[PDB]
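Given next, in structure tokens, is a single chain: the form solved without this ligand.
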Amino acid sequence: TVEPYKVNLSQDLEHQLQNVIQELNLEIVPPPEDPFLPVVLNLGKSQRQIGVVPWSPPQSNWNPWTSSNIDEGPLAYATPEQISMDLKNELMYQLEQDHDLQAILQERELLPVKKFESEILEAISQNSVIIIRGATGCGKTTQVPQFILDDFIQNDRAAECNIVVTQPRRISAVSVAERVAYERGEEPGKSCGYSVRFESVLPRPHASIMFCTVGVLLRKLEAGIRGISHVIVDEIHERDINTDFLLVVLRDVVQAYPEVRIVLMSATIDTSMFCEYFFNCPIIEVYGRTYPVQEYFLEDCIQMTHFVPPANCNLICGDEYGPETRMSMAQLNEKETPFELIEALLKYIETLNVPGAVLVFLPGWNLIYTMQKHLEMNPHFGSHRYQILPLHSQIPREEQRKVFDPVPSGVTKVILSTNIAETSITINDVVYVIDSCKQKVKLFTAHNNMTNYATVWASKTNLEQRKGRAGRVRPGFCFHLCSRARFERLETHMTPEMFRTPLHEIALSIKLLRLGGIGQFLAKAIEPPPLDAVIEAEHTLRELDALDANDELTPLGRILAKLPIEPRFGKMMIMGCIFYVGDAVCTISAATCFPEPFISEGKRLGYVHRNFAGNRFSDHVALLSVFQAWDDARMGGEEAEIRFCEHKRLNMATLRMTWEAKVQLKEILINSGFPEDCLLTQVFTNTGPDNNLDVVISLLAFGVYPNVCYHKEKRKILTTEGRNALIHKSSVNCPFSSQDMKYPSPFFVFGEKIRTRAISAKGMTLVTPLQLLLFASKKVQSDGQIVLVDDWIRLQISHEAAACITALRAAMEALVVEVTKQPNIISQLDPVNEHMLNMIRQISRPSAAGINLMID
């Protein structure tokens, strides 16, 4: 129930728009005769239709990690025998001389998996595929790759060994590589290395192990699996979607190329499904010292602590529990975690007088931080008695290492962890587990473009796994914070990611690797995705013109497939290159893969952070401005950079990683034939007239579509669906206090539409109505005076302007198509296209929509 917004467009500009449309002979939909018969302004707009990824074994003059020949140095002509012997002698000498390494090796030899060394190696040698199955903490991840390598080293065949190990997490690929390297008396870069999105330390070319994320490996596979003897797929039980996807690829590989070795490694689950998939391959069981764990539930926890709090399975409770327990539990909301009970449980654990670390499973960083703050508010849980350590993805690896370290006696180590500590890493000296019984999952619904970082129930399997983390040292205890009635209503297994994740990126991968049809290939998965997700992916890619009508990969699609970024941002980056603002658009795109550099602590931004925004009412401009300032401060060396980040309360690691990501995105564009000149760093002002920045904001609107909203008053905004929503507290556009903001336009585009208790728009950038029509709208209807954008908002603007702007969008799309066929035309672009681009440049300006940002 909102009146149409009145767009102040001058006669001069309206005529200029018409002239450009006329000069380029672009089709325009004429005005309607009857005002109750509205006309759609939206203008309309090949190759020939199961491949297998090739494999080849290691050879001496090939570097499989850089995917290039070894020409220079002695390794170009050296025989395998020479290489093998030199490495064997090097290693033998190291073991003789290094006492600290001897001690480290002695620890290795006591790991449960050590017993099974000969059996594993035997199995792998005799079979194209095996499964290694055993409890978490046995040493599958860290030892099995070493066992394989050392077997080849010690039998004079070091040169014939190159191992890829996939991990479902970035943090695991890096951390395992550093752990294994340490276990071999090295830094990463010698026998071990890693490769994640936008960061790698490559190992030596021979007798080497590479730990990587699945996405990294897949992007490399368009040239085949070249010079690799073993592919180890780790933690298959997590049902990471990219892992599931890779298993499909590998099954075809191993059938056509049975000399390759595949090793799938799994926790204690039913692996029948995987076994049958890979031609009833062997299962090698691994086990060690298991202690019994006494498990408790919310009833038990409340009773032994005497805790009293300030569909619903907390209303159900057995008769064998007392009336106050029933009463207490019946007050607890299941959607929350009882923080005060966890506090109470920690105190109860002290009275047992058996020392040991406590591991607390919490869904995400929010509840870890909430729990951590809660404890440090009580002096009881101070340095003298307690060492409370967070464990999640985004803490520095320095802090992550501290969870393994021992504490001075009398101090209790408490680890507030995500599910990383469920099956991927094992914290030693754990005797007590407190389990939220929750998981954190990212749900996305395409229809409304809604993101939900949802707190959901864990599975019975998860609870069993979490319970087992208390029983590696001595008889332990596990405090589940769900009712005994709730437990019964838990699913046995989590929904695999394949069932609940968008597939457009996997779809591009399928096409880049020439594996055939998208639906056809995914139908062969171990558990295929639902039909609707496939249709949504196909639709998404057709809309982008990544696929043609025949669903074959266009030049545009090929580029998007090579960019490790959301395809739509990939397209935004291409458009950025065309407008010669490639660097800024690569920066926006890179930043989506990392947390916010602003250390805001979940509060409203302060003065310093807000100032980066200038007068643009834009979180994206703020981001770009911190990168400009940060890069300037780096001129004066590391300490100047450190002090800048500390003074401005910025995460320096985030900035550095984002920068490196940007560099690589540029690299891929360069190699795709885009000119260097369209990707240069360009100084900008965030206060004064800046047409480069105007255009970036226009392209951002395209990037984040369909996320556009309309400001009503205060924090309340209207979404594409017509629903009410809030400006996120972290935005520069969120009012610091009670003083209202005077936006010169009510329209904003934003990065994420998030569902919690309300609908939130996060990462918000003001745009003009002209930018809305140009890049933030698919469907536009006009009655001659009023225009209806995607059936949610109305503009009072001339028919002709709206129609011309719609044609600009169409013309821009056509140019993008041409540019992807031949990217070098960017630098030598004909006048007719420059005319079209210049018109977009003009309507990107605030002044085009009657706005002057320098005047309040």
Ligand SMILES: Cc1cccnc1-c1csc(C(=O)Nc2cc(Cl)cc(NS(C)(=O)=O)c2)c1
The other form holds:
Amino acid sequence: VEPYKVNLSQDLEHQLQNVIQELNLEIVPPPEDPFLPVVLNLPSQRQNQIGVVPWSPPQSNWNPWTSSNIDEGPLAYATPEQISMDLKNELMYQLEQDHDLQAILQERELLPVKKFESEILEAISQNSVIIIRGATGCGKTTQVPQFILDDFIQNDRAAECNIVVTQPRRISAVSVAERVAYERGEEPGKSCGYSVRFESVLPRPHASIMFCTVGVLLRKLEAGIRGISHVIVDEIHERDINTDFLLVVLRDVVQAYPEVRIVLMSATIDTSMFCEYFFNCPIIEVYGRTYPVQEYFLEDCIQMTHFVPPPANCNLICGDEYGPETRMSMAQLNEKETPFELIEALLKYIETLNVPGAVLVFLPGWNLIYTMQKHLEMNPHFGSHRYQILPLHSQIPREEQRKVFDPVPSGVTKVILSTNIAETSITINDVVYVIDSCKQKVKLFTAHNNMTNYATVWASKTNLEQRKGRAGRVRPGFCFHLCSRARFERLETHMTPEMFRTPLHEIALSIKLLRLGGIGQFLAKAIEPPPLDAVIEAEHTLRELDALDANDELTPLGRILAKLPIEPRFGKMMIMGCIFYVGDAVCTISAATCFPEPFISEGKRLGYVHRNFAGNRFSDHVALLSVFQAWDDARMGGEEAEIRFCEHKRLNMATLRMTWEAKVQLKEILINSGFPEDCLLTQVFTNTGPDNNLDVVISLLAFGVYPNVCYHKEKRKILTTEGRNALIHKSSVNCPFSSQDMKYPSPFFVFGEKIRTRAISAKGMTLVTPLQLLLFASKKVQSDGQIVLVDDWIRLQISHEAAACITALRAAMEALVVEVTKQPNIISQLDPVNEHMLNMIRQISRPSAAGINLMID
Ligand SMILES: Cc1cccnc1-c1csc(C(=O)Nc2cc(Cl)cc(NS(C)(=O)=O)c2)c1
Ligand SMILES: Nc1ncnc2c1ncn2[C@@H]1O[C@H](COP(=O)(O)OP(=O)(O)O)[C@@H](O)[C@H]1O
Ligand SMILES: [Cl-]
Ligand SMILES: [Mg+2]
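Return one more block: the form deposited with this ligand bound, after the form solved without this ligand shown previously.
To see the whole picture, the full complex is given below, headed by that same chain.
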């Protein structure tokens, strides 16, 4: 397209030149002829040792969860024996007195894992490492940590027991901690606790179990595994990347500290790979009753329901022994869609069998669960009189999650519309019927075009077998697979482990913070090492950020980014926010990326109230900051004022509260890295009037989400950095409500995630000026004297000197970030030479700097 004309005043051009001259910053001079354009853009003590995370056993005067001495109260001097006796007696009394708890223990003693209690405890006592293998629903997760704890309590060694249980999912760590507390007559906070990203309930310091995500454990290993007797690594068969990484750390720990106890727990898969990795450790097999399950495929499903679709490809392939209508009907179904209407027809077929039982439906993600749910409540046959239809995904509230376990009024059918959470991590009771979409949801990132694909993909044969088996724990069962018999044949046996297909920059920072050695050298020792290109891309990413120096050693910037649990690029954006004294707002934007949107839109275009949060800034990120300011104001009135605020504005309160908490924790980590309190205060802003603080926040957001820049042609059509076409996401404040066109005062936009569906979509969009483009959303800039070319995709008609001056500001800003990370309290100093540079960036963040007044039309 035509080069875009930047309207830069003479006053500003000279101000830019003066600041570059005052500070003696290097500029590239204009070119000689327009056919040779010029680019405007221009060590610590290594070791090769393989470090080991140190280990030390529980100690009576040590709180292993807070990693500090017990100083106050009786536990500071109390002997192990005193502590063990008290806890032993406390437990014996509770079990004599509580009739409801006695009934709960009776349920426990009937779980299949119960009969193996002795064999498991003998195996753990005799071996540094063991594997416990058995079917989903035996009681590995809920029972085994209690068996170990109760073994120590009942043998007068309560004080010698502290257990870490890792789960691959946030929802599993929380849920399991709530379930195990309930099984012990408690709420989390006594014998059991949980620690996940941005939320914890710490257990008591003694004879306690902490359920956590691996990320939390790795972030807390900076001082070693101190005061812990057992590490239980759960659901290893999921090949969660962080679990694979932790298995490398714990193998080194075991070797150097054989008194530690590691316990790996697996579904029924081949565990020889893990077994061999951990020096041929014992495998304790665990099993109970299972019933046979009749399994059906798409063609079987079409025949027994007489179903007829509306008006390579394994739906055109069907065996001779099926009817000509089955073949014809199957052949009409797109394999990339899930057939909602066939599922409806399968629930009705199940009614005719007259055997009571719950139906578990496996759907890839929340998008198809919502769609299947709405589809059913359209037909009044699927109302409360006959049907309890419950969604199960990680984002439904925990109140709603528990309801999938509740019994149901006689003559009502429980239907769980579930993600693969219900494949191996939880067991819904009363399940006799499984409908399997035969799909998985996976996050695929591609670094080269910065494309996120929430892709719907074929499941493995091993997933289909596990899904089939969820129908066969109560009585003989049925599994209705919605893929052809000819698609089944082409299925891989296992999923690609996440280590093969996930970015490694966060794992790389953890390796460096924990001093485990070289990134490539440590990942080479993984059970299944990641591919070379992923390691090369991680090192390259952390080197562009200046998280690693020339020697690939941790910079002081690296150390901060490693300690912040968000994307490193966002960590660096928060340091820059601190330097500009807008820390709180940049911490809010970073925290919000870890949680679903607070707006309850229901996959439709935002209406008036949601759009009003945007002001005149054409920015989803400003909409979010304005929501958080209004919500925090309405919260002063108390809980009911907060609930009413969130109901009247259609906002998810739980999302607003978790984001705020996450923001509080991010800020605490910067405080502890030496950042001054007063660069992180909440600052009132307006989303319509002049606001230099908000101008700077939007500049810093361009940096954060780079390389996500786009150019708006017309309507919803945008051009991405690959020269390719894309759509403004329906959910954006920048998406036209109807046919009235938006009059953007700039065509340039930054966005959260570039999404591949059928088209390329920009989601969470913020308008930026051409000046902000050049300062923070540009890696490479070539000038011919008249026209500059930005990252080989878009052209500005702008002065050469202005573009070179803005590029030199970016470099000055990078060099200040390096200085500030060595010595964060220089933010306080407000040194005059830095202030001169910062004030010029403050000035070119103004909409007025690029000829724009957002208050006019
Ligand atoms: C609230 C608070 C006040 C003061 C200090 N700390 C916390 C805290 C917040 S979360 C948290 C945690 O998760 N600690 C934690 C988890 C895990 Cl999974 C293990 C181990 N112990 S260790 C390293 O393995 O020896 C320790 C502690
Ligand atoms: N929240 C809960 N409500 C009711 N029953 C539950 C709950 N959580 C777990 N259970 C039951 O506990 C039993 C054992 O589950 P679990 O320990 O997860 O087994 P495993 O880890 O071996 O698959 C199952 O029958 C399951 O249904
Ligand atoms: Cl950049
Ligand atoms: Mg389990």
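In this text, rigid core is short for the largest set of C-alphas that superpose within 1.5 Å between two forms. Numbering follows the first chain given and starts at 1. Only residues modelled in both forms are compared.
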Are there runs of at least three residues between the two forms whose C-alphas all move 2 Å or more relative to the rigid core, and where are they? 46-49
